[PDB]
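First comes one chain, alone, set out as structure tokens in the form deposited in one PDB entry.
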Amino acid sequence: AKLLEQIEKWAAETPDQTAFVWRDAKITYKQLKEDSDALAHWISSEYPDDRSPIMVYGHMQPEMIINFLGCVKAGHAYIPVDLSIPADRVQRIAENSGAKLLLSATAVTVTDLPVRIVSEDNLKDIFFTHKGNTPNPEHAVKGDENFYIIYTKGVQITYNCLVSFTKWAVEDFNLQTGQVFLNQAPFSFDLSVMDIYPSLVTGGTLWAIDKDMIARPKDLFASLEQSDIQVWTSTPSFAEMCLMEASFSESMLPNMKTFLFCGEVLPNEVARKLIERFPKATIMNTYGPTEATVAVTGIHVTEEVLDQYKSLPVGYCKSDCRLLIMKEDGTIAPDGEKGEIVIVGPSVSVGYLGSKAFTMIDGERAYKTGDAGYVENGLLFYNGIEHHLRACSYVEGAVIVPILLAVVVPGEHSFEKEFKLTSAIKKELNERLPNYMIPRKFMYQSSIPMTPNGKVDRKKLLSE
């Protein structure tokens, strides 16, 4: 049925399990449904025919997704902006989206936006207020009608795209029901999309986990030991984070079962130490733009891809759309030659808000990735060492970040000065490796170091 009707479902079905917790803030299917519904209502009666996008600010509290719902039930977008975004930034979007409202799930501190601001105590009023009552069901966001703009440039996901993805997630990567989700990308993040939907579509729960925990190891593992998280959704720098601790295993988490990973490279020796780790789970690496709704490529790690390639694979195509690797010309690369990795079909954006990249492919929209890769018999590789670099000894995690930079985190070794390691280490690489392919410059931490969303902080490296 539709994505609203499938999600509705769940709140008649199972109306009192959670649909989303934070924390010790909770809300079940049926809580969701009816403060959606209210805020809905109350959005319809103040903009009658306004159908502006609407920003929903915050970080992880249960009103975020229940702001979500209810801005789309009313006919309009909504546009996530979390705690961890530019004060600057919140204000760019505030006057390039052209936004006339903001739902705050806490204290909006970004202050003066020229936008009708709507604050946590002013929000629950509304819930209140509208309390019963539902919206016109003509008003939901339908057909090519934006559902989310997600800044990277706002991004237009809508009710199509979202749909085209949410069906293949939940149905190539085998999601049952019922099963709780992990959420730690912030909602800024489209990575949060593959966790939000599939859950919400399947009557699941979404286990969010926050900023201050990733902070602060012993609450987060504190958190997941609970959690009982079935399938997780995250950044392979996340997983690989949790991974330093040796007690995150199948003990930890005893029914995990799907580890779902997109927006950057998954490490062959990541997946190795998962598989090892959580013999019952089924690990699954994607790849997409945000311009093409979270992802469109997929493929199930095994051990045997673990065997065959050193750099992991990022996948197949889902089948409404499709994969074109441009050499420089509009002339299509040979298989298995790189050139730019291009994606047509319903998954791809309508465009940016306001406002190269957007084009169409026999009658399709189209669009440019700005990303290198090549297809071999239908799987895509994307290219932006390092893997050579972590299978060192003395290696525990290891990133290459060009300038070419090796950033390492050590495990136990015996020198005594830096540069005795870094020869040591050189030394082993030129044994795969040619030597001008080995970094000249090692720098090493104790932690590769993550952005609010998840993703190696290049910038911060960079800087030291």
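Think of the rigid core as the biggest set of C-alphas that the two forms share within 1.5 Å after superposition. Numbering follows the first chain given and starts at 1. What changes on going to the form deposited in another entry:
- Just one residue from the list 420, 51, 26, 30 crosses the 2 Å line for C-alpha shift between the two forms on a rigid core fit, and it is 420.
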The other form holds:
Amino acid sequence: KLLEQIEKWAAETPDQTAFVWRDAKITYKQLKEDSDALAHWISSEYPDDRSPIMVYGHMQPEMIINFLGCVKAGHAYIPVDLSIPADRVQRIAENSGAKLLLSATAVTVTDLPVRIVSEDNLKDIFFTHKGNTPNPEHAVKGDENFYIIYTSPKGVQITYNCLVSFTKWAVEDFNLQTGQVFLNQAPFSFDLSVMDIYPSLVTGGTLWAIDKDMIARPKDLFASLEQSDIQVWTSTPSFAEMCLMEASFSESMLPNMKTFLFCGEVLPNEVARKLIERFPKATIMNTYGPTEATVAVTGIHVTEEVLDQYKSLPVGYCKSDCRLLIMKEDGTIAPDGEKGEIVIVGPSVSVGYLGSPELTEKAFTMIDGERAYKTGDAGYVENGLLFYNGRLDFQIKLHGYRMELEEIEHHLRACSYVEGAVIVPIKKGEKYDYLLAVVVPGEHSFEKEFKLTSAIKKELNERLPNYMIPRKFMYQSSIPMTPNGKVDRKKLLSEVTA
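Beyond the form deposited in one PDB entry, can we have the form deposited in another entry?
For this one, just the chain is written down, with no partner chains and no other molecules.
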């Protein structure tokens, strides 16, 4: 079914661009053909095997061809971005039980206990098996693994049913039409990319990829953006914020922008507001979910009304085929409006971590016959609406006082003269010593740094208790992002600590 709705475009709109990265692009017809040849090759080489297959690279069109080739042959694929550390890739190879690794580019990771098919060798199978097609019944189905994406060091197994459950909801609730241009910011090793990959493929859209190098060089990023004619924007809030630092990043640069889809981090009320101002015709959606629950399970249309009544934006209503549970600090459920750990239950929940029995036991459970996943996230529900408070382990306790790190960040972000901010907790060694605020200053006329600091501290005093107000402030032109596009908190902690 999933592959069928995708294949449907190879016949209806064969010459439509299915994926484009810089100068490299492939049509739906080419996607089908090479994908079919690979699948045929896989089946000929591994007749009665269904071991997961590693797919190595970055944004090359072959990444997508290889993903489909793998599933058509009944093999789940393991996306491995170039950014993943060698030691990690080696662990994945050994943990996953993979026997093969496919890459369009050169594999730089020191010898892996896997058969490597790369560069020209991959090209050879496309040529060698050109025209051939795989047995329709070999295609991954039902509860069989479709892809395995690693988090933290655990392989989250996402089944066919999991992905279909997500995709259907995404296409319908995000109001995606057909033939639209979908931005792809997230590396394939990050499940945010799934939010644009499959919805685009099933709706005959065009995936417009952006790579790590464009990001390292904004002039190229924006150049690409203007040529893209992107209509559906899928990215982390941080990525959007960085683009917002560019005055030309607006409806003028992307006049056909229609839908913004956010997930992965807190979407600031101010960021959404800036996007509405810059793109008055675009719809903004905030969504929430762990990789363990197939990309996202909640979503909400962030309107002017939502922005007016929710200083802290809610993360959304749970998809209809799943449900949420807010667990009080005890096996007990919490009354609506009360904070607890967010638990997700339903067909979106992963079947567990690959080869990690003990790890699966600790985070996954069975409730009334269905899978449930403890997120490690703190939040609450109010009449179906889910609110995110922060990561349970980011819960800082300052001298006899608890507090979500994210709540302090939320208020810091809301202060005048602040365009971006992150709190770096400085620990004495065991307990929390003090908080350090890293902010990107907005326009101001403060002639001395301490004056800006005092001003923000005064405003923050009206929002938080004195003991939650960061003692130290640091200013910089931008907040670092990890290769996935999220705030790089480790890097920040590393440099501010040094």
